[PDB]
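**Student:** Taking the hints into account, I'd like the entire structure generated from these sequences.
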Amino acid sequence: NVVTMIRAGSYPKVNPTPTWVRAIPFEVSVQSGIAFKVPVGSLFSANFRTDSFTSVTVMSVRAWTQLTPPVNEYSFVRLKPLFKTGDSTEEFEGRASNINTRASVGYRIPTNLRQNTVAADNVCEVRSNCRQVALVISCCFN
Amino acid sequence: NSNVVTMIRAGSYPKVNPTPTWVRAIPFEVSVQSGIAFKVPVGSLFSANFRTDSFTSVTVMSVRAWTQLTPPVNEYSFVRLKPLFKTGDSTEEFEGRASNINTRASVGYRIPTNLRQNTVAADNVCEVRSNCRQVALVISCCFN
Amino acid sequence: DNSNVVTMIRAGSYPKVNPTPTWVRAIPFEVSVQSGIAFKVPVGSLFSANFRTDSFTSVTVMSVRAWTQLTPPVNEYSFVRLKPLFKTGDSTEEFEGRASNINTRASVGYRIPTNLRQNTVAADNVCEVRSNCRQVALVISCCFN
Amino acid sequence: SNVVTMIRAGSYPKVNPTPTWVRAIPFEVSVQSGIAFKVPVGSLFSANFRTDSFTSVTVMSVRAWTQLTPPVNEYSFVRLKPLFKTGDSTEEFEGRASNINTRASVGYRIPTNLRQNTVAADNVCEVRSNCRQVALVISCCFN
Amino acid sequence: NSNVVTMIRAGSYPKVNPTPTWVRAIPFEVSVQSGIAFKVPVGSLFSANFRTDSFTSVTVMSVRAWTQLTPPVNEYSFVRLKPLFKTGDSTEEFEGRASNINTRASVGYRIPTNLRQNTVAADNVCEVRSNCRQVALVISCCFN
Amino acid sequence: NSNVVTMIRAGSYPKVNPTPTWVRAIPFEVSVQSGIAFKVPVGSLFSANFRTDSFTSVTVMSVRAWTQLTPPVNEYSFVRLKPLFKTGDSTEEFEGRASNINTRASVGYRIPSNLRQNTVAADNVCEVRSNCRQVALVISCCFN
Amino acid sequence: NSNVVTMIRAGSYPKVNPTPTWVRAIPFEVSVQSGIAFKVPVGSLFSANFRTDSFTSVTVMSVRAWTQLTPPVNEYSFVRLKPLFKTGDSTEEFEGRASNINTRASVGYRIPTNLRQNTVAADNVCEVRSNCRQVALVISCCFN
RNA sequence: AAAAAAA
RNA sequence: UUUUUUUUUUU
RNA sequence: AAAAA
RNA sequence: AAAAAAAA
RNA sequence: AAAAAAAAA
RNA sequence: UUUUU
RNA sequence: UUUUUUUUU
RNA sequence: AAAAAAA
RNA sequence: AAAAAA
RNA sequence: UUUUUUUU
RNA sequence: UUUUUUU
RNA sequence: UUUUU
RNA sequence: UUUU
Ligand SMILES: [Cl-]
Ligand SMILES: [Cl-]
Ligand SMILES: [Cl-]
Ligand SMILES: [Cl-]
Ligand SMILES: [Cl-]
Ligand SMILES: [Mg+2]
Ligand SMILES: [Mg+2]
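Protein chains in written order, with the authors' numbering: chain C, 18 to 159; chain GG, 16 to 159; chain H, 15 to 159; chain B, 17 to 159; chain HH, 16 to 159; chain G, 16 to 159; chain A, 16 to 159.
Treat each hint with caution, since some may be false.
Said to hold, decoys possible - Using 30 Å as the maximum straight-line C-alpha spacing, the simulated DSSO-like pairs for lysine-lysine come out as follows:
no.	chain 1	residue 1	chain 2	residue 2
1	A	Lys54	A	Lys101
2	C	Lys54	GG	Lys30
3	C	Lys30	GG	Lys97
4	H	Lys30	C	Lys97
5	HH	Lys97	C	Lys101
6	HH	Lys54	C	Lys30
7	H	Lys101	C	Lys101
8	B	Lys97	B	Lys54
9	HH	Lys101	HH	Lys54
10	H	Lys101	C	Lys97
11	HH	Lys54	G	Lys30
12	HH	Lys30	H	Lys54
13	H	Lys54	B	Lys30
14	G	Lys97	HH	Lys30
15	C	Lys97	GG	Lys30
16	C	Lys97	C	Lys54
17	C	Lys54	H	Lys101
18	C	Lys101	H	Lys54
19	C	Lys101	HH	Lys101
20	B	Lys30	HH	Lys30
21	G	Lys101	G	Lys54
22	B	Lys54	B	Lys101
23	H	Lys101	HH	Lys54
24	A	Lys54	A	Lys97
25	HH	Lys54	HH	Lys97
26	GG	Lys97	GG	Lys54
27	H	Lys101	H	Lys54
28	G	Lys30	HH	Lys97
29	HH	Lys101	C	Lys30
30	HH	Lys54	C	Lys101
31	C	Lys101	C	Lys54
32	H	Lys54	HH	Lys101
33	H	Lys30	C	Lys54
34	G	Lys54	G	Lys97
35	GG	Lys101	GG	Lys54
What the hints assert, rightly or not - If the Cβ cut is set under 8 Å, some of the chain H residues that face chain GG in the computed set are:
no.	residue
36	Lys30
37	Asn32
38	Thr36
39	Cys157
40	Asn159
No lab work stands behind these hints: they were computed from the structure.
Built from N, CA and C at the ideal position, the CB exists for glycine as well.
**Tutor:** Below is the structure:
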């Protein structure tokens, strides 16, 4: 129940600024019928302990409708991946079966497409009948 | 394996945490003077140079030390550690000496589970004594 | 036996849908080659209504294969070379195949490793093609997205 | 392997620049109260589905969900009547909602013997519902 | 095992390639200043001194460094490495310090599969930081 | 697998070699006249077109030959090879004929280990005889 | 597998029946008044909308009821069922309430084998009570 | 459990 | 002496 | 482990 | 078999 | 050697 | 088989 | 088992 | 029933 | 799979 | 796991 | 009797 | 141990 | 669950 001696040897290999696999929850404002390019710079912030990083490797993206849909409609949200080497045209869509329930959808970036992205890049486009969308992006900060 | 994006059938919104915890080993040096103990400040662990400037408390698990500069002429390197705690400072002097004058001296101590509480910047980790002018510290701790 | 009438499906909540999905394909098309000159194969040749792929703007190429489409010059055997090109760096390989019969095509291909399987848009080039035949047929196993 | 490799290709293989592709096409239709709407097959051929290069398709199963809220005091329902060129059906596969804020779903599978092609002028099924829109998901084989 | 030349019943003409690929690790040195990070150019990997002057692109897999000269007086040698990528530079600082003043300081990093693309001579591999004036690098790569 | 860079706990400086060896299959053609033996030079292996302009010697292991052009009228293609050695030329005539006028002829020989020494550019590999005016050679050798 | 018509080696003329028995699950709705028990007529099961207009009798096996419309304000939906038999009505009130105001209420009962006799249009199946103005009934029954 | 049939 | 569909308790 | 159909 | 990077 | 055709008599 | 320790 | 279609050594 | 084999 | 300790 | 190999 | 890539 | 499923 |  007390301190014990450690027989430390040579000075090991160190790294003061290591990588960090994180999950960053943040929201975006969306206009109806209009696509919103989610910026990668939203992941670098003191609010996420990640303002010290300049690049990140996104592994997967997911989205949830943060506000209620227009009256008489069910919530929906689409996600279109974006890459510097070539943007995609897939519209991964998820719709709510209950008007009072969020709509969820996401996608996974293949290993061959997991490169670095800086604050000036864009993750994906977002289309929804709701005015805000909550995202939880699984990415590797480095 | 997959060569293109695939769809994830995500369900309800999960539990999230934008500011989680982080177990780390922080390498930083402190300046030690001959025949004198240096109280290692916990505030040296919160810094943008370790990505931990967003933390205000930390749970230290184990401290290790290495002499960073050469010892005085005709002497071998040594380094001592005295664990400090807010509920009561220790009187142990975990000493490690170098058997070669050109080689570092090293020593460390592990903090028991019953003594692993958070520490703020105004707190201190341990006292350091060495015949060298600088000591390299590697502290394994949990930031929260 | 099999069911001979329409049967009810007990569907549940609305699922996750995607109207514009991906497509792993093997696209055949031809290119014209001159003698002693290398022709850069454009990625835009993969996007056409003749392949049902004019809706795609990007594509991840996995492997390329080539065949000589026309007869070689007199007394010669057909050959063809391929030089992989990437936006991060052009290779210098010249994967060559020669026909052992003057009446037979020459063939060769190259596979792209998973680390170099990024996307390429229409303005990009897949590879360079050299041959003594005035036309080469290309079959490119790729993943449209 | 972190580099390009050589493929020892042989003879020229059989090629097809325009294959068939099996899909699940999502789209919506407008429905009136008391009136049955015929779903055209031509909706399956669109640039929004990457299928504007197709002229025929083999339908296998149809699924329907109510896309808007039902009238006041009611629960959502939806009915599907299959239609064929060899002869229309009289079935009305119906699904109702046990919650007013929740959709209603129903579907039907087309057997193997009735899985022939259909062109844009044809119709898939008749849809009835109390909601003013219905979301359809049709598992079909284009060719 | 045989003592004479023997015939080879060859068949059709094979698939050939006069300019193949090559898996190498290139030993070369760079000059480092105090308190300054030096960017390692990729064009150092292409030279007639390594039989690689015929390539223009290269896929780097892992980098390792060693201090090529002695550290300043009273200091132990150290070396840092910060990986750089055309899609996004890293902020890591993989450091290696020597426990003996007369011994080199070594450290290295590995590039994951999803980041192993080609690099041309204008590109840069990583930054180097060391108290020694020269550093020896061995860059395991794949010339193509 | 992994998705980010990882530290390598490198140790002592390894044994390096900037100019290594290379086992290669070199393809190249030679122009042959009817009824005349052409001595294939070893200097044809050392070329920038083969990334081998940095070598001066090579250890040949096996030689294979293919007729590159069509044979004269009414004849079938044939090709011969006579192995040459600086310690003594051989008199073998390894011949391969085609069973089809449109098809190449092919033959090859393997150099035994006891006769696998180095050859410089001024040396010759073998003599080629053919009714076709060009012959394609694929030589398996070890550059050093 | 078979792609053409095949002959059937039939025999004697079999036993036939142009109007066979049919067992069904009939979905129909009834209007209910608050505080008033509605007697469900069997004549609602005989209709062209169920392909059962040709039948004159039916053996009811089990009944299930759902509230078809929304409940009053500040109330949860409920529905009660009292089985009715020509040999003697019951006094049971199988009741089911909704735990959510937006969710239907549901309850049903099964008729024992000894009580599964035929019923004509002038007969009644059960009484329904609900705070909702319509009830959706699904009756499993054998038409004969 | 209920509808072709089969020696 | 051997099956496709309307509901359907129980292992 | 060597040759010559 | 092959110099290079690794590795109880 | 898929169907149609005598039967293990 | 034929020619070789 | 045989006559024609398709599969597989 | 669609991508690269089917030994 | 990361970061750390064994 | 990159280039050459060994009895259809 | 190898298996790996979106409905 | 947190994260992401 | 730790001072030859
Ligand atoms: Cl709402
Ligand atoms: Cl290159
Ligand atoms: Cl050649
Ligand atoms: Cl013989
Ligand atoms: Cl103890
Ligand atoms: Mg030819
Ligand atoms: Mg032949």
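**Student:** Now tell me if each hint is right for this structure.
**Tutor:** Evaluated hints:
1. A:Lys54 x A:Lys101: Answer holds: A:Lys54 to A:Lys101 is near 13 Å, not above 30 Å.
2. C:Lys54 x GG:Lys30: Roughly 25 Å between the alpha carbons, so the hint for C:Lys54 and GG:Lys30 holds.
3. C:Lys30 x GG:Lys97: holds (24 Å)
4. H:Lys30 x C:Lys97: holds (14 Å)
5. HH:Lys97 x C:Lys101: The hint holds at about 23 Å.
6. HH:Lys54 x C:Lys30: holds (21 Å)
7. H:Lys101 x C:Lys101: Given that 30 Å is the threshold and the Cα spacing comes to 11 Å, the pair holds.
8. B:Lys97 x B:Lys54: holds (9 Å)
9. HH:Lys101 x HH:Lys54: Measuring from Cα to Cα gives roughly 13 Å; hence the hint holds.
10. H:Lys101 x C:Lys97: Holds, because 23 Å separates the two Cα atoms, which is no more than 30 Å.
11. HH:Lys54 x G:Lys30: It holds: about 25 Å lies between the C-alpha atoms, which stays within 30 Å.
12. HH:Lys30 x H:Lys54: Cα-Cα ~21 Å, so holds.
13. H:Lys54 x B:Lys30: holds (25 Å)
14. G:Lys97 x HH:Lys30: With a Cα-Cα distance of about 25 Å, the restraint between G:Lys97 and HH:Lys30 holds, given a limit of 30 Å.
15. C:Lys97 x GG:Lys30: Distance ~24 Å between C:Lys97 and GG:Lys30 Cα, so the pair holds.
16. C:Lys97 x C:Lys54: Given pair C:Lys97, C:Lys54 holds - Cα atoms ~9 Å apart, limit 30 Å.
17. C:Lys54 x H:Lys101: holds (24 Å)
18. C:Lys101 x H:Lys54: holds (22 Å)
19. C:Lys101 x HH:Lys101: Holds - the C-alpha atoms of HH:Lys101 and C:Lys101 are around 11 Å apart, at most 30 Å.
20. B:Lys30 x HH:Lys30: holds (22 Å)
21. G:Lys101 x G:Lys54: holds (13 Å)
22. B:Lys54 x B:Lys101: holds (13 Å)
23. H:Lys101 x HH:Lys54: holds (22 Å)
24. A:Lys54 x A:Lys97: With a Cα-Cα distance of about 9 Å, the restraint between A:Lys54 and A:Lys97 holds, given a limit of 30 Å.
25. HH:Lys54 x HH:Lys97: Since the Cα atoms of HH:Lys54 and HH:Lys97 sit roughly 9 Å apart, the hinted pair holds (cutoff 30 Å).
26. GG:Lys97 x GG:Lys54: holds (9 Å)
27. H:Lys101 x H:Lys54: The hint holds at about 13 Å.
28. G:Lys30 x HH:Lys97: Roughly 25 Å between the alpha carbons, so the hint for G:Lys30 and HH:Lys97 holds.
29. HH:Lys101 x C:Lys30: Roughly 26 Å between the alpha carbons, so the hint for HH:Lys101 and C:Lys30 holds.
30. HH:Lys54 x C:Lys101: Holds, at roughly 24 Å.
31. C:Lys101 x C:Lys54: Within the cut-off at roughly 13 Å; holds.
32. H:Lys54 x HH:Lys101: holds (24 Å)
33. H:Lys30 x C:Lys54: Holds - the C-alpha atoms of C:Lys54 and H:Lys30 are around 21 Å apart, at most 30 Å.
34. G:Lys54 x G:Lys97: Holds, at about 9 Å.
35. GG:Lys101 x GG:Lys54: holds (13 Å)
36. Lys30: Holds, because the Cβ-Cβ distance from H:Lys30 to chain GG comes to roughly 5 Å (cut-off 8 Å).
37. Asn32: holds (6 Å)
38. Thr36: holds (5 Å)
39. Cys157: With a closest approach of 5 Å, the H:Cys157 hint holds.
40. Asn159: At about 5 Å, which falls below the 8 Å cut-off, the nearest Cβ of chain GG leaves the hint on H:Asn159 intact, so it holds.
Going down the numbered hints, you'll see the structure goes against none, and every one checks out.
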